[PDB]
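Note that this complex is displayed minus one protein chain, with the remaining chains in position.
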Amino acid sequence: XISXXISXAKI
Amino acid sequence: XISXXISXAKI
Amino acid sequence: XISXXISXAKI
Amino acid sequence: XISXXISXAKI
Amino acid sequence: XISXXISXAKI
Amino acid sequence: XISXXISXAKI
Amino acid sequence: XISXXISXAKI
Partner (left out) sequence: XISXXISXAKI
């Protein structure tokens, strides 16, 4: 589905 | 400065 | 002076 | 969702 | 400096 | 549903 | 700086 998500580490 | 970046593996 | 800043780890 | 936030340690 | 942060309105 | 977002203008 | 960003319309 949607994997990984968002933390701030990359964005 | 900028370290890392986007590969598609997470994003 | 300054210490830290914004890395993405918190923001 | 929201995780962490500003304390002063980094910011 | 680091001003405002989030309200929830956009995020 | 999903509303708002971030452009960089504010955040 | 940080521009473009995300609303869900594309991403």
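All chains are identified by letter, namely A, B, C, D, E, F and G, in their written order; residue positions are counted from 1 within each chain.
FYI, a residue touches a chain if its C-beta (ideal position, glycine included) is under 8 Å from a C-beta of that chain, and two chains touch if they have at least 3 such contacts.
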item	value
Positions on chain G contacted by the hidden chain, ascending	4-6, 9-11
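Everything that follows uses one rule, which is that only the chains that are shown with their structure count from here on.
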item	value
Reference interface A-B: repeating pair among C-D, A-C or F-G with over half of contacts shared	C-D
Intercentroid distance (Cα basis), chain E paired with chain D, Å	13
Mean-CA-position distance for chain F and chain A (Å)	16
Rounded Å distance between chain D and chain F, as computed from the means of their C-alpha atoms	20
Shared-contact residues (touching 2 or more other chains) in chain G	6
